[PDB]
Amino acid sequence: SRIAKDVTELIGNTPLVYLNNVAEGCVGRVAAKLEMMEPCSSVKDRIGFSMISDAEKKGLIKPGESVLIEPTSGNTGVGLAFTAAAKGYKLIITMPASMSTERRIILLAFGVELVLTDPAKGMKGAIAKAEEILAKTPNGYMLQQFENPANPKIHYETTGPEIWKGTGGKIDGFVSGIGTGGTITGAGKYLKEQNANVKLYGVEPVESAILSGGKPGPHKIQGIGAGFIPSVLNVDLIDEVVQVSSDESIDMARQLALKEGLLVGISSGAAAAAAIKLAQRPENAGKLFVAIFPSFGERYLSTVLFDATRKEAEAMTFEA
């Protein structure tokens, strides 16, 4: 074994674990890829690093000179933040002021120069502000997670190989919730190259199933269902799109903690619900499905994921 040079070398190589009691009724087999175990608890730690690293190698940016910028209210900000702190890059992040205080604290802790935007203008307002800052800032450099090729590329170079090796080449289906689409595109392409028969299942919200001809809409599956097809997403690789409801995902997320000891985010619940359904189809008896569990559940204590347990906690009194 050895000592890592810095935190960026601790990224990736996350474990696989079989789902047991929650997978009742499956004739197929489901293993979860735990991105929740990344140094900062989410799959985004991979692209936060890859987008910065790729820019560096291309000579497009330099530590202490370039100013990183990105409009993000989710895990991508965190992934970029810890990697920027380690490599010595100034990082500016824009997000709607409506975002919870906890989401701002974590970024601040890493030294991010946070810029909040009109809560009424949503992410559109955050994106406008970012571009406005880019125009102002001389050595500014926007990452653009939805457009950056380095996003799916890191998944093609690490995530995919890890899954192939971790399953001994026995994976039959890869189940991935789609946010930027980088994971399913990069890892999926790699897996397809190892065995053309491997099936790629993209997961999206029933309330915003745009890949299925649905119309964009609000949902609670944080991390997926952007409401549009991301530039980095390659829909040709997708063999089947599986829709899961917000309630399904929330319920599975809770069941995963209660029965598997896996405290996961709601998008992990979505991936699990999708994968479990597939593993229940008689035609898939004996097959091995790998579902990506994007993030750890602790980062979502204030969201709807814990509403039920939260009110119960708040309503209890001490026993003498």
The other form holds:
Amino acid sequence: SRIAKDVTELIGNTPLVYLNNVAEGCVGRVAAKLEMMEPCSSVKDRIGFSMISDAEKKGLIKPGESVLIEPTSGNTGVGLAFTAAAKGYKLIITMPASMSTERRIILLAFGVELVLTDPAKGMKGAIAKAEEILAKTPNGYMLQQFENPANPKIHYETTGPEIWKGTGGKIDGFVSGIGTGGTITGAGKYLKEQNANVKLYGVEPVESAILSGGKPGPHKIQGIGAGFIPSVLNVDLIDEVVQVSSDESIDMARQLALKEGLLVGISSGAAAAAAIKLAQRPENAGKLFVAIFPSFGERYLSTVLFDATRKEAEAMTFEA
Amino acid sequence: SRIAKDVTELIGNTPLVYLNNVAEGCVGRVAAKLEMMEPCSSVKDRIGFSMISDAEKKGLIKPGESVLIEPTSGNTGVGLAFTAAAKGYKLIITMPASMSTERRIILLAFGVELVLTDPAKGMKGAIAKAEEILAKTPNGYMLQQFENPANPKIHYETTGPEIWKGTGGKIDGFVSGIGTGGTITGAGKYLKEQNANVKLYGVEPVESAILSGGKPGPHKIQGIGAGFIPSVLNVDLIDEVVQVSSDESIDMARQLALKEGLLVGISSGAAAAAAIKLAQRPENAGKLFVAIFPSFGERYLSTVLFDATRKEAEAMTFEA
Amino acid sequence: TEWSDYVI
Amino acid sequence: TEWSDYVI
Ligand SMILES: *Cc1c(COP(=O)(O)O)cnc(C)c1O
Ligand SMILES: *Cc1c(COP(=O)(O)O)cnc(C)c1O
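I would like to compare: after the form deposited without the partner chain, may I see the structure of the form deposited with the partner chain bound?
In what comes next, the whole complex appears, and the chain from above leads the way.
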């Protein structure tokens, strides 16, 4: 072994683990790619670095000169943040003021310059403020995770290979929750090049299943269901779109912790749920499905993912 | 690569990273052992498993038969929890009701049977309730991290080796914050057997520096400063006891995030601070110091570690 | 108000 | 009251 030059060399190479008791009834086999083990708990630690790095290399940005700007009340904020911190880049993040406190404490801790927007305008308002800021900023540079090719390209260079080599090339299906689409599109493309028979299953909210003809709407599965088809997503690579409800995902996420000792985010419950359904299809007996667990569940303690246990925790008094 | 049978095979083997801009002024070199990258963010994921596993092997416990009991409002609760969950053991945890909500939401999420005790009796009250419960429980089994040899033994088997092999055997000093002492004692002993010249530096709170003749007292560096010398700690292995204040640790922890992109717990700021001081001693020019970063800073969002950024986050309104 | 409150 | 409020 060796010592990392810096935190950025710690990104990727996340572990693969088999789902045991939650996968009851499966004739197929399900392995989870724990992106929750990234330096900052999520898969965005990958694109956070990639998008920055790709700009540097293309000479588009210089530390302490360029001002990174990006609208996101999600994991991309953190990914970029910790990476900007290590590399010495000023980062500005926009997000609806709605987004709970805890989610700001973290970006601030990294020296992020936070700009909250009208909570009623959602991400649409955040995006505006971001471009408005871009216009105002001399050396401003917006990353645009849904447009930026460095997003899927990193998954094609790391995530995909990692899975291929980690499963021994035996992977039959790749289950991925679709947010920007960078993961399913990048990693998917690679796996497909290794084995054309590798099926890619995209996962979206039954409440906002737009890739299935559905109309966009609100759901609770943070991390996915953008309510629109991202530029980086390559729908042609998707072999099947599986839909999961917020409730399913939440129940699964909860089973993953209780039965597997895996404290995952709700979107992980989504992929886990889908992956398992697929693994239960008789024709898939013997097949290896790798589902991606995008984030660790501890960052979502305030969210609905823990409403039950949370109310229980507050309602409990001490025993003498 | 291969696929983990279960989450427990994901424990250990944490990365080593160099501290760059926070180590300004050092003639020595400091590498941080990121235990924050454990499946559940802390070093206790190691002893959580070890103590369980060692009992199973010694035939002292059987899943679904034995009832694990342990008093702890710290990371040991989580470590044991996720491991008990995966292995199928009922776990009972005792801790002062004082301990913030978030710290319960997590144990509950793992199916832990939480028992809060008089917040005024601190851990002393938690320990009582625990033994009281042990007395009542037929197949009860208390782990006792401060007494249990499986605690340091795991660090001697994994943590230590990992460091030795990760530093190329070039490690000159090992800086460890002392809570139970299992890490510094287990890993320390091993490193010493590899090279008798490897110096071990223990870190304790200036506010509760008992290993330095100090009287026990209250500090904010969660994870260390137990206010008493644990059984598992082998003070004879310690080459020097470095003291750090809560403020130092907090400032360092904050610098680690802003300058290094490392969101660490306050106890990590402690070791980081100590390690750096040592690295700045002229006689140590060229030396490699490995400091342990026990936990990830996101689990401490409510604590004093983020009071500054936290108040700032709540005080900020939205921009139109 | 078209729901655009996603967390990505 | 001897401070025993440690988090380990
Ligand atoms: C980004 C993200 C996803 C989806 O990944 P994409 O690569 O964007 O498709 C899922 N869950 C969480 C928590 C995410 O942050
Ligand atoms: C347990 C712990 C420590 C100290 O490690 P020991 O092996 O107990 O000496 C430090 N920081 C945190 C956050 C811990 O949980």
